[PDB]
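Have a look below at one chain only, the form deposited without this ligand, in structure tokens format.
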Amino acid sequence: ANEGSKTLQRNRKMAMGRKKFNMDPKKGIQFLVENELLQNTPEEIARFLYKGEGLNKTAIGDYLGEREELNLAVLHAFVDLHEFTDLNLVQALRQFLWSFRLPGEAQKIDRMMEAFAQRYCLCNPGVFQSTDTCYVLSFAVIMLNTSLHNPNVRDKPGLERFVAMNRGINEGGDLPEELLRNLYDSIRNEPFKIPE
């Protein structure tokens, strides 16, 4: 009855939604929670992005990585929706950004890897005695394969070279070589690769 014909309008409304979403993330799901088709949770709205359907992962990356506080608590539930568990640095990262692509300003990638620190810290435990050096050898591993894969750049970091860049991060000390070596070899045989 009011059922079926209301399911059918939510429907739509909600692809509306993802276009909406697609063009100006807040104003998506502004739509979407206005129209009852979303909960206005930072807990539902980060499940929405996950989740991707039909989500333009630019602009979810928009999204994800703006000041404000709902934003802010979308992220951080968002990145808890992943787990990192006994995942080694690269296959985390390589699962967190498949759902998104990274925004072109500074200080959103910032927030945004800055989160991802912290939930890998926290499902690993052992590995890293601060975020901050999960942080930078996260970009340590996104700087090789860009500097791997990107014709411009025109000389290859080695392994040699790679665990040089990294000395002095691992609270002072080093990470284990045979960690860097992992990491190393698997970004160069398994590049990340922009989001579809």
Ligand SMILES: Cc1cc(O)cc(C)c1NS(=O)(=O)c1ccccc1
Contents of the next structure:
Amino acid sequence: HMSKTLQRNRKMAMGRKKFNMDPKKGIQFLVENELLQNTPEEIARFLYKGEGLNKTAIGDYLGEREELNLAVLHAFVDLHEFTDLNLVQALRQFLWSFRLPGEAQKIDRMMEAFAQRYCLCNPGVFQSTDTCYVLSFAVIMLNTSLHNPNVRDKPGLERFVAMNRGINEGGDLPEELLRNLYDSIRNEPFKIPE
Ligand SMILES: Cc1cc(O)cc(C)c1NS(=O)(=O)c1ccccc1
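The form deposited without this ligand done, now the form deposited with this ligand bound:
Everything in the complex follows now, all chains and molecules, and the chain you saw is the first one.
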């Protein structure tokens, strides 16, 4: 239906613009105009694809405490494919995905969901999802330490290895795994989406 399709393609683009201004209103427009199905899985797919979507607005929507938004956050994490990625590669991708909001409880929630998904995708690498979470923040801290020129006590490989001793349910992670994470960060800082 040529006319109906052209009108809907234009409304889709209007809904994207409205989302960037106010994510609740944007989603409402798309839903009420039958351009997006009001399900956690469809809204998450929309946000994951992110065509013409402001990443700060994506993150604001994903970090809300409401029922639907929590379910969207879960579904959005489910769309990330972390299989055979090292923790740093997985992180880069997730963090580029949307702009993490500044609130601590939002961060916690989002990184827990990340950690769960990384472990699911890579069974047996970490003994627990707590190991994964802790090492994720180890990696984030390393990114600041190494790459913020104001930090002058920069951890070398040996010290970073030592900082993580006993993390894996009492065991130490393979030295080669920690070195590879270290090298990845040292080589390429995380990119923030602004
Ligand atoms: C704040 C932020 C948000 C992003 O979407 C991506 C990045 C790399 C950052 N900065 S970040 O240093 O990796 C980071 C700091 C604190 C918590 C989580 C991540």
